[PDB]
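Below you'll find only one chain, the form deposited without the named molecule, shown as structure tokens.
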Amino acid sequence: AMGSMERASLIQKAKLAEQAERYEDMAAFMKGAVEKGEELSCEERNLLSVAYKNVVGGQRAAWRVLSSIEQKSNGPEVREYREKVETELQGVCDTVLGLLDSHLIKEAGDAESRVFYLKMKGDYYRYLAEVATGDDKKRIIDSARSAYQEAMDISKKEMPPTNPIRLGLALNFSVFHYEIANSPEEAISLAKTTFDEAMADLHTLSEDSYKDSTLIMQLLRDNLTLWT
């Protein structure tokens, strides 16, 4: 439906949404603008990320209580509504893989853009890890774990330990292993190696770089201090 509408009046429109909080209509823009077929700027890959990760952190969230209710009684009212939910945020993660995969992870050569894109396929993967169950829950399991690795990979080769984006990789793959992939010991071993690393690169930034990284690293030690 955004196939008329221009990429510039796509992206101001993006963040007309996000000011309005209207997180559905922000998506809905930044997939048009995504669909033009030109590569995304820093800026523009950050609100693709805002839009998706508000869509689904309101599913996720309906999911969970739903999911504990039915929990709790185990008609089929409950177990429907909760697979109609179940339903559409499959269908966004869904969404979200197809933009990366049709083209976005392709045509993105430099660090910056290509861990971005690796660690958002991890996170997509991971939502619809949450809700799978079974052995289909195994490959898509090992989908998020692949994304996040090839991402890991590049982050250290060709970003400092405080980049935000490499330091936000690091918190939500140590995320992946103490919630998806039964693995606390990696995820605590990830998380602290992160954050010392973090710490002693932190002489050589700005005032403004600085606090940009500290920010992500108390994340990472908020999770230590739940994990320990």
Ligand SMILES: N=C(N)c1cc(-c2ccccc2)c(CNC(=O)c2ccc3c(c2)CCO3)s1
Given for the second form:
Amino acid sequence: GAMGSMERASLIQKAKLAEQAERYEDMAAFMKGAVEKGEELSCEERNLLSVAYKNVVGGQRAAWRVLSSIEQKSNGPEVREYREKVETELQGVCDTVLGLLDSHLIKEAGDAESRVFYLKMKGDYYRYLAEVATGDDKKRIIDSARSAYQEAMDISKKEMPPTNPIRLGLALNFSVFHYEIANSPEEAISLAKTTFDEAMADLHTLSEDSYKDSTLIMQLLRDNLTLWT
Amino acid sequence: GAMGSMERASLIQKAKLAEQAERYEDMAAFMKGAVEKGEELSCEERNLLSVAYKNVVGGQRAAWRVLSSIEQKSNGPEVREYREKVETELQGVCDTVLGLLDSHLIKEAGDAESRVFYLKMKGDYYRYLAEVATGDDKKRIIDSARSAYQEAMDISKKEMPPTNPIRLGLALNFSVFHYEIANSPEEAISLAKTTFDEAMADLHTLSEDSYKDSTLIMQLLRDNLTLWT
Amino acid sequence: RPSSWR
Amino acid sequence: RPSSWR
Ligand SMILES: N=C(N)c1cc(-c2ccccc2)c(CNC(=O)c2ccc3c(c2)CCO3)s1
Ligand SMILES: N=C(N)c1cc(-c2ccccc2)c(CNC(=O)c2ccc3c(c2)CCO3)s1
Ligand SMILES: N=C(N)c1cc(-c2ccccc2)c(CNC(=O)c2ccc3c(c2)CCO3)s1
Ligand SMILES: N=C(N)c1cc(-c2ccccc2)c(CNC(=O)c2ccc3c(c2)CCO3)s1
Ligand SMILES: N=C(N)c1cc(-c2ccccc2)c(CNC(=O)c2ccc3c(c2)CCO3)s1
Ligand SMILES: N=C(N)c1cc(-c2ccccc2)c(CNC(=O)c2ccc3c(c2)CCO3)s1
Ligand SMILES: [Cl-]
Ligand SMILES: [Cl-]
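Form solved in complex with the named molecule, following the form deposited without the named molecule:
Following is the full complex, with the preceding chain placed first.
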């Protein structure tokens, strides 16, 4: 890999610089290089990985939606061709992230905090594949997302408090999966509501700073429930 | 070139799609391909070329400024290395644009409208090279920017009205060159002020739509004069 | 579209 | 920084 010659510490340092510079493709390439060194990612480093690829794939998803809308409106080959180009690039990014998780972040994740984080990511990047998938490939991809999300949920409920921000962000995203991908809006509402209520009932245990962490994601659960009910 | 197999019309169509999708690197690659077909660019197509590369180099310049500030504050090799990486990428983009202008947009620009547009671009991309240049290379680059800007100004004053938006945007950018690059703030103020006043005195000749085009750039001249005086 | 955590 | 036309 092109980052194979760079020190792990230098890659992490440059990922943080790339974030400051809003250079998210660079950030992701640096974090890919860091992962491929084969050592643990810290909590901070996991967040750097997630930030980098979420920004990369976010730009791709937004472009894909614009082109897909134009394509649907028009129903020459150019719109389809360019949508397919963006789609292929998006799928490649998701494949890369899933490859890092499977080789070997997840199996080497030696506690619940780290394993839940990576399994949430697995669900997210299968979800992004599902958004652009069609037909029978779509069904298998949807099942892979659900399975990863569900395993993360099982661990998080056993090992993390209901206000833990990774647990909350996992539940938020699994609820979006249910509503937008799985045509299960009732499941989506049930999950967002129980997650919100159980976080609220646990806020009394938190410091001012942890309170701010948890209420930030609670806000997003509330916004979805307001959209859905 | 990688766009050599695609029809000119398809490249222009896809440049417009890439703009809608905020995919400016794609947009620039499509417009590079269109230029390299060797035919005229229309007014619309020149604007597409300019939009694409201005967005690409704008992201690079913003990143460079962030990294350069961090580098100066710190005065390991990582900050310098990553600044140099962004800088090299920025210089490559400027070299590409300048190469399209020199081979052969400018010489084939068979009227004043098109030649002024391309000479303004030549000044702009030499200016962006000057921003990151040091020492004696910097002096030659500064002279190349001034020379391109001045030739565009000479033609625009002879052949375009003082409210023409390309003429106004040229004067705006040459004034910025004087202030920021050439350490000639008096020249910058003199140019922005004469350009603004002579545009205002010509507004009475314009339709409602041309009036809006011209006053948009006049706003930017005013903002700079307010900063500088 | 609904909000997700990023 | 001053404004330029883009
Ligand atoms: N380089 C990054 N981007 C991150 C680095 C870390 C980190 C740093 C040191 C130790 C452990 C983790 C992050 C985790 N914290 C958040 O994500 C977060 C917290 C509060 C908050 C928001 C986001 C949005 C508004 O309010 S993110
Ligand atoms: N056990 C916990 N509650 C946490 C422990 C740490 C930690 C671990 C090691 C070193 C330093 C800090 C956290 C850092 N904060 C996050 O990672 C975070 C992630 C996503 C997010 C938010 C915060 C707020 C909004 O969304 S949180
Ligand atoms: N299908 C459901 N479960 C719901 C049905 C209704 C309802 C019932 C009768 C009349 C009108 C509306 C609900 C009311 N809305 C909320 O209760 C709500 C609750 C908690 C919460 C947020 C919103 C955001 C953050 O946390 S919810
Ligand atoms: N695809 C693009 N981006 C462009 C296409 C054209 C064009 C289209 C058809 C014929 C000739 C030129 C442009 C020229 N018009 C402007 O640049 C412009 C006009 C008014 C205005 C602003 C910008 C900012 C706010 O008010 S830009
Ligand atoms: N002779 C003129 N006054 C113009 C003629 C044309 C044209 C030519 C051929 C076909 C269709 C239209 C113009 C299109 N508009 C621009 O190209 C433009 C560029 C930059 C800019 C603005 C506008 C406003 C803010 O900054 S303007
Ligand atoms: N060094 C110069 N030439 C100037 C010196 C002064 C000044 C002189 C004495 C006292 C205070 C200020 C100027 C006043 N400011 C403007 O006149 C101004 C004019 C036109 C205009 C804009 C701003 C924006 C758009 O168009 S300008
Ligand atoms: Cl394409
Ligand atoms: Cl580097």
